[PDB]
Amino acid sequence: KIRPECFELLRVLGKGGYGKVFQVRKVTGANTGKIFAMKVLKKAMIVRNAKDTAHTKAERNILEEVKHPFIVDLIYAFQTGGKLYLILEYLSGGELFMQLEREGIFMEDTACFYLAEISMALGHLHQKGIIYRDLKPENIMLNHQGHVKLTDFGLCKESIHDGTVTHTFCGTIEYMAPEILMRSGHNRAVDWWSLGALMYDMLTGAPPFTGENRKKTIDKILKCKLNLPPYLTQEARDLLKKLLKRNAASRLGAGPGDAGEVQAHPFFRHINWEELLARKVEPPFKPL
C-alpha cells in the first residue's frame, strides 16, 4: 500500500492556492530511487466547493484513463484524511514556453515536430471525449529526451485569479478560442483553434491576437481578423488559415475526422506518424 512516507522530498517544483508539487524519490521497494513529481492537494481547500471537487475528480479520472506518450503519466494516486496525492512522472525538459523564449522564432521543421506530437495527444483525448481547452506554451512540458507532454488537467495553477467565480480565464487567454470567451457553447474544435494560435506564435514570435492589455486582446480574438505575415511558407499559411477560423464548424479538425483531418495537411507531409508515436524521431531540442 503506497503512502506519503514511501517518498522522500527533494525540492518544491511549484505551489498554488490548492496545494503543492514536490520532486520526490521512492525510498524502498520497487523502483527504489526512481524520481517522480508528487502533487499534494489540501482537501480543505477543495471539498467546500462542488466545482473544484468535481474538477479534482475529473483530473484523476482523465489521468488514470489516458495511456499516451505525449500526455503526462499518472503512476500512483492515494489520499489521506486531509490530502490528495498524485504521483506523476517527473518532466526534466522544462516548458515549451522556455524554448520559444530562447529561440524567439522556431524554424518550420522544429514547429512542425512539436505541433505534430501535440496533435496526436489531442486526438487521443478527443476520441475519449475529453477537451483540453488550455493548450498554451506554459502547459506543454518536455521529457528528458525533448518529446512533448501535455499537463494541467486539474485545478488552477495561477497565483492571481480572474474574478471570484471561475478559474476558466485565469491564465493568459491568448490561445483560447473565441467561442469560449463568447460563452456561446463549444466542443473539441476549440483545441484546433488553440493549436493554430500556438503554431502562429512559434513561427512569428507572438500569438496572433495580442494587444496592449487583456481587454484589447479579447477584443482582437473575438474580432478574428487574421493577418498572415509574408515570410510564412505556403503550407504554414494554408494550415493557419484553416485552424484560425472564427466559425468552429469550419475549422480543420472540427470535422468527423478530428486529428486525422489536421494530420493529413501538407504542412505535416514529412511526418511519419508511426515513428513519431513510437518516439523514434529525434526532437529538435535535447534538454541534455
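For the two forms, the rigid core is made up of the largest set of C-alpha atoms that agree within 1.5 Å on superposition. Numbering follows the first chain given and starts at 1. Compared with the form deposited in another entry:
- A displacement of 2 angstroms or greater separates the C-alpha positions of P229 between these two forms, with the rigid core held in common.
- Put the two forms on the same core and the Cα of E212 is off by 2 Å or more between these two forms.
- For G129, a C-alpha deviation below 2 angstroms is recorded between these two forms after rigid-core alignment.
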Given for the second form:
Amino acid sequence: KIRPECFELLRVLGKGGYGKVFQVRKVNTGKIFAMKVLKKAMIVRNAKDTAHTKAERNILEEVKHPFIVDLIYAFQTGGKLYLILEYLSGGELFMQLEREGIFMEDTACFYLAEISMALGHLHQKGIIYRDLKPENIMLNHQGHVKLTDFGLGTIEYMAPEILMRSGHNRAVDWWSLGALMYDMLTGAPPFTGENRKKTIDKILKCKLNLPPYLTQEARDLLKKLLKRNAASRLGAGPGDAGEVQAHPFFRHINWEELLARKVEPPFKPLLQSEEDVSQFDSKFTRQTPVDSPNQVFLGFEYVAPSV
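Rather than the form deposited in one PDB entry that you just supplied, could I have the structure of the form deposited in another entry?
Shown below: the chain alone.
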C-alpha cells in the first residue's frame, strides 16, 4: 500500500499556486523520487480545473515516452493528491539557459529535436502541450529532455489563438516551439512587452525581428513557425512533427539514434549523488521541506506496472 508516510521529504524543488514538489526518499527503499502535491481544496471547486488535474493524471499514466516524465506512484488523502514522478536531476531547461547563456545552433538543435519527437508522440495521442516555455521542460539525469507539464505564469511562448481564446489545434505547439527556439538562440522570447498587455498586443501584431547572426536555416525555420495564421505554420500540415523535422535546420539529426538516446547531450549534468540537487534554483532548495497540514478523485491511486 501507498501513503505519504512511505516517503521522507528531503528538499523543496518547486512551488506552484495549487501546490509543491518535494524531493523525497522512499523509505525501492532509498530510491529518490519527486513528489508533486496538489491541494484538492483549491481544485474541486472549479470544474475546468479538476478536469485539467485529472487529464494530467490520465496522460501521465497512459503515455510512456523517453521525453515525457514518468508517473511511478499516485495517491490521495483527505485533502491532498500525490503524484510520484521519476526525479529529474537535470533541472529545468530554464536554468540550463541561465547556466550556459545563449545556446549555439547545434546545441539549440538537439533540444528542439527531442522536444519535436515529444510533441509528435503527443499529437498522435490527441494531446496538445499548449505552452513550451523553458521551465515547462526538464532534463533527466543524463541530460535529455522531459516534457513535464500536463496539469494546471508567463505567456510569451503561447500562440495568438491560445491567448485570444479563439479556438486552436495542435499547431499552437509548433508556434510555441519557434518561440522556444528563438529564446535559445537570442536569449529573449520573440515578442516581449514592458508588461502583460504590451506583450500580448506585441504577439498579435506579430512582427518578427531576426538577429543578423542567425544562420539561413535557423532564420528560415523560425519564419515558418512563428506565423500568425496557424494554418500556415510548418508542422500544421498532416505531417505534423515529421514536417518540422524534415526542414534543413535539422539535417544533422539522426532521428532513430536521437530517440534511442544515443546522441550525446550538448551538456552533461555532473551530479555527485543520487539526490544531488545542484541543478535546481536555490530559492526553492533552501526552504525547510514541509507538507502543510466531495471526493470525485476516486480511483486516483496508481502503481506503474514497472515497479
